[PDB]
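J.: Letter by letter, the chains look like this.
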Amino acid sequence: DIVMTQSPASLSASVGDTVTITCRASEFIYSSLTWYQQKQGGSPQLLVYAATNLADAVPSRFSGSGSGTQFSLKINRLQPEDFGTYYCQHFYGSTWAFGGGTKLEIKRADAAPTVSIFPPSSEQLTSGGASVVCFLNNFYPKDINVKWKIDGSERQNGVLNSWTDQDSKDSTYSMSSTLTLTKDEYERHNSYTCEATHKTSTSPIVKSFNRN
Amino acid sequence: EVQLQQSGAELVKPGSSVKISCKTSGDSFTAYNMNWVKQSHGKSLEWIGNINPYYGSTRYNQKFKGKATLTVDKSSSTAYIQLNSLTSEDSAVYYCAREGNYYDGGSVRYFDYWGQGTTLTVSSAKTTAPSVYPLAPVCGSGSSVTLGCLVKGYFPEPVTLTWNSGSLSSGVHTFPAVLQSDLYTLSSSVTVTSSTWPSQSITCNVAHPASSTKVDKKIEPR
Amino acid sequence: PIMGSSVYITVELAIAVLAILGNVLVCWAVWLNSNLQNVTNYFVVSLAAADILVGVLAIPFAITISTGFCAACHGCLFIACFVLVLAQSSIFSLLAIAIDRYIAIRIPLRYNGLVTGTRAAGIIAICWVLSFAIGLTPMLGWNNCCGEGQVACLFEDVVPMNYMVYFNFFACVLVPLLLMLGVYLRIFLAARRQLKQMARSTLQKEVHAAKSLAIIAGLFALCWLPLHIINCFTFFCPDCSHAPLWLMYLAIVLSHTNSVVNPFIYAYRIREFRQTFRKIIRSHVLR
Ligand SMILES: CCn1c(=O)c2c(nc(/C=C/c3ccc(OC)c(OC)c3)n2C)n(CC)c1=O
Ligand SMILES: [Cl-]
Ligand SMILES: [K+]
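Protein chains in written order, with the authors' numbering: chain L, 1 to 212; chain H, 1 to 140, 143 to 224; chain A, 2 to 146, 159 to 211, 221 to 309.
No lab work stands behind these hints: they were computed from the structure. Accuracy of the hints is not assured; some may be wrong.
[What the hints assert, rightly or not] Result set (EDC-like, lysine to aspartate or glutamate): computed pairs, CA atoms no more than 20 Å apart in a straight line:
| id | chain 1 | residue 1 | chain 2 | residue 2 |
| --- | --- | --- | --- | --- |
| 1 | H | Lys219 | L | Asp143 |
| 2 | L | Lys107 | L | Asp56 |
| 3 | A | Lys227 | H | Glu46 |
| 4 | H | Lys43 | L | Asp170 |
| 5 | L | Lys207 | L | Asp143 |
| 6 | A | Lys227 | L | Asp56 |
| 7 | L | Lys147 | L | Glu195 |
| 8 | H | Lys67 | L | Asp1 |
| 9 | H | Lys43 | L | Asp82 |
| 10 | L | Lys39 | H | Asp112 |
| 11 | H | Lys43 | L | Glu105 |
| 12 | L | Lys103 | L | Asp82 |
| 13 | A | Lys301 | L | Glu27 |
| 14 | A | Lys227 | H | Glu1 |
| 15 | L | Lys142 | L | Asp56 |
| 16 | L | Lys103 | H | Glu46 |
| 17 | L | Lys39 | H | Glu46 |
| 18 | H | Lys216 | L | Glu123 |
| 19 | H | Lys67 | H | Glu1 |
| 20 | H | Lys220 | L | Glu123 |
| 21 | L | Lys199 | L | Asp110 |
| 22 | H | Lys43 | L | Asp165 |
| 23 | H | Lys65 | L | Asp1 |
| 24 | A | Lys209 | L | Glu81 |
| 25 | L | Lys199 | L | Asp170 |
| 26 | H | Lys126 | H | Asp184 |
| 27 | H | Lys63 | L | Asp1 |
| 28 | A | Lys227 | H | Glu10 |
| 29 | L | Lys103 | L | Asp1 |
Start from the sequences, fold in the hints, and give me the full structure.
T.: Shown next, in the form of structure tokens:
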């Protein structure tokens with residue numbers, strides 16, 4: 001079955017600048033390729049059909065191009081509304097596929113994360129669980145990495161992560177990391193540390209606590 | 001303008017089956033193929049298959065042959081899809097979409113109109129209520147202080163987590179549910195000027211409508 | 002007559018080879034590209050299929066007939082009359098396209114139910130049979146019958174003129190051609206009205231395509247009409263100087279010309295063909 005290759009997976013841009021997205025077919029599909037737009041919690045909207053044809057009510061600032069294996073969609077003059085995920089899809093032969101998709105995002109000045117660590121609630125200790133929590137808030141760009149450390153020794157085991165999307169206010173990201181151990185085992189070690197490496201800071205930003 | 005109206009969210013046991021509706025309206029249902037599309041992991045988009053509603057003939061993607069089953073009821077203008085031996089890999093949003101078609105020398109082909117989509121959630125987990133843990137900072143300088151809430155081990159989604167009954171709104175980040183084993187976990191943070199706490203009360207309000215529960219934990223200094 | 006004869010004999014074979022290459026490239030393009038395998042195009046093949054055999058057979062026939070060679074009358078008529086069966090299966094295809102395009106654009110919503118692969122194939126098969134019946138009825142017994162068992166073959170002597178004007182022209186060419194006209198006129202004028210007040223974008227696009235296939239039909243008529251209109255004067259007015267041989271040879275060739283243009287129009291007007299023509303020339307000849 002023909003594989004589509006969409007690039008870039010992600011791309012950030014300010015309102016009112018020009019952008020292009022690429023779709024490669026693993027076989028010659030001539031002009032049989034459609035572009036679609038998906039906003040948060042919406043269905044795909046048909047954007048371009050037949051490689052080069054604007055769907056009705058799509059603004060003229062949108063336009064697709066190409067033939068055979070290489071097709072690009074160009075969005076001329078970005079508007080607030082244009083941010084969202086974009087997919088290509090072929091319609092050659094009897095069995096079709098899509099691209100990986102392309103999250104168009106808002107670009108803003110680099111921001112370093114506000115790291116905050118939390119020991120386990122007495123509530124939770126009481127119930128025989130121990131969860132240590134780390135909040136990395138209001139950072140750009142989205143690329144970040146988080147090590148957990150118990151008495152200096154790294155822990156990979158039972159750590160669960162979550163990510164927000166671009167804050168509607170300041171276009172930043174945020175992230176939550178929850179290290180979870182048996183209460184018995186939380187009692188053995190005495191130092192818990194959350195070690196976050198981002199672009200904005202060359203040495204990793206560290207936050208920690210001791211059971212005093 | 002064809003109007004596609006799908007069925008509502010389903011929640012079914014592994015091994016079970018499930019039949020999602022797509023009611024077309026205000027155009028010829030039998031004039032054009034009705035396709036299905038699976039959006040999985042929030043980004044990935046697969047083509048499941050299509051049906052020619054006139055002839056009731058089906059073309060399936062190999063992947064979904066022996067999972068998906070495209071039926072059609074012509075009288076009502078309703079396209080169905082049935083999914084069998086459901087496993088957790090099946091949990092995704094499924095869309096019906098109408099395939100436009102004309103001749104310019106070739107057969108032109110595009111999904112022009114799409115349903116609102118339908119959430120299938122497959123789990124053998126039992127309806128379970130959250131443990132809500134308060135997160136206060138370490139004992140012992144920031145201009146603004148950050149406090150947390152941890153909602154551990156509930157099923158199914160969703161919950162509603164608000165601060166001081168919604169009144170406290172600025173400075174809040176509430177994070178997507180991640181599966182912890184077969185249950186769910188979620189977290190929320192809130193930041194406020196140093197003198198706002200512990201000076202003023204601040205409470206984490208969690209509603210789990212699936213277990214008709216409600217829990218308010220006040221963040222208290224350790 | 003060593004000089005004048007010769008320009009004809011070449012201009013003919015020139016055209017004969019264009020018709021083989023231009024229309025093999027059509028037929029290849031369809032075999033290759035799925036996007037081209039649709040009902041409308043199976044008829045554009047049945048047309049290419051024919052305009053091919055004009056080059057391979059009809060023109061050689063038209064050249065040996067040119068001389069006035071000797072043959073038995075029945076084995077002679079076949080050479081004379083094989084161009085006629087092809088001319089026929091051209092008009093059947095040209096019409097089948099025009100009606101396919103009527104349905105698709107006037108009654109879009111029922112096109113799916115109505116037009117299908119299987120039916121197109123059967124229609125094509127039926128027409129080819131009629132095409133043979135209509136093409137060589139003079140073989141059936143409506144004919145006009159050096160060496161003692163032979164006959165000097167000249168078209169206008171073995172094929173009867175009343176068959177040529179009534180049953181071939183009026184009946185089998187002028188009628189389908191007219192009601193082709195009726196059909197395209199209704200599509201375009203309907204659309205002109207329909208576009209002005211109101221998928222708007224989609225109609226334009228499937229129309230544009232029709233204008234293309236319509237222009238094919240246009241040229242068929244332009245190419246054949248002169249020759250048929252001569253067959254009328256030659257017959258209906260015997261109190262008229264019979265059209266001279268230079269004007270005769272012109273319209274004989276003008277007709278053969280029609281088997282060449284079809285592929286050039288597909289290229290100059292229709293992207294999906296142009297792209298498949300390009301890709302065949304690029305990948306298979308240039309590599
Ligand atoms: C079916 C369509 N059609 C025709 O209708 C047709 C024709 N050749 C002639 C005529 C040939 C001809 C006429 C007068 C001549 O000399 C007085 C003559 O001698 C060369 C040939 N006609 C009328 N050919 C060529 C095969 C033809 O295809
Ligand atoms: Cl009508
Ligand atoms: K459209």
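J.: Assess, step by step, whether the Cα of L:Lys39 is no farther than 20 Å from the Cα of H:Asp112, and give holds or violated.
T.: Cα-Cα ~16 Å, so holds.
J.: Between the alpha carbons of H:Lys63 and L:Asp1, is the straight-line distance 20 Å or under?
T.: 10 Å, holds
J.: With a cut-off of 20 Å on the C-alpha distance, tell me whether H:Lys216 and L:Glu123 pass.
T.: 17 Å, holds
J.: Quick one, are L:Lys103 and H:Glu46 close enough, alpha carbons at most 20 Å?
T.: With a Cα-Cα distance of about 17 Å, the restraint between L:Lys103 and H:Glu46 holds, given a limit of 20 Å.
J.: Within 20 Å, alpha carbon to alpha carbon, are L:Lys39 and H:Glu46?
T.: Cα-Cα ~18 Å, so holds.
J.: Hinted pair, alpha-carbon criterion (20 Å max): A:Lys227, H:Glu46. Please report holds or violated.
T.: 29 Å, violated
J.: Given the hint that A:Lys227 pairs with H:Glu1, test it: the Cα-Cα distance must not exceed 20 Å.
T.: 19 Å, holds
J.: Would the hint linking A:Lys209 and L:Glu81 be met if the CA-CA limit is 20 Å?
T.: 31 Å, violated
J.: For a C-alpha distance cap of 20 Å, please report whether H:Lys126 and H:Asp184 respect it.
T.: 9 Å, holds
J.: Is H:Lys220 close enough to L:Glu123, meaning Cα to Cα at most 20 Å?
T.: 12 Å, holds
J.: Quickly compare the C-alpha distance for L:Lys199 and L:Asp110 to 20 Å and report which way the hint goes.
T.: 8 Å, holds
J.: Is the hinted pair H:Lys43 and L:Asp82 satisfied, with a Cα-Cα distance of at most 20 Å?
T.: The hint holds at about 17 Å.
The earlier numbered hints that this structure contradicts are 1, 2, 3, 4, 15, 19, 24, 28 and 29.
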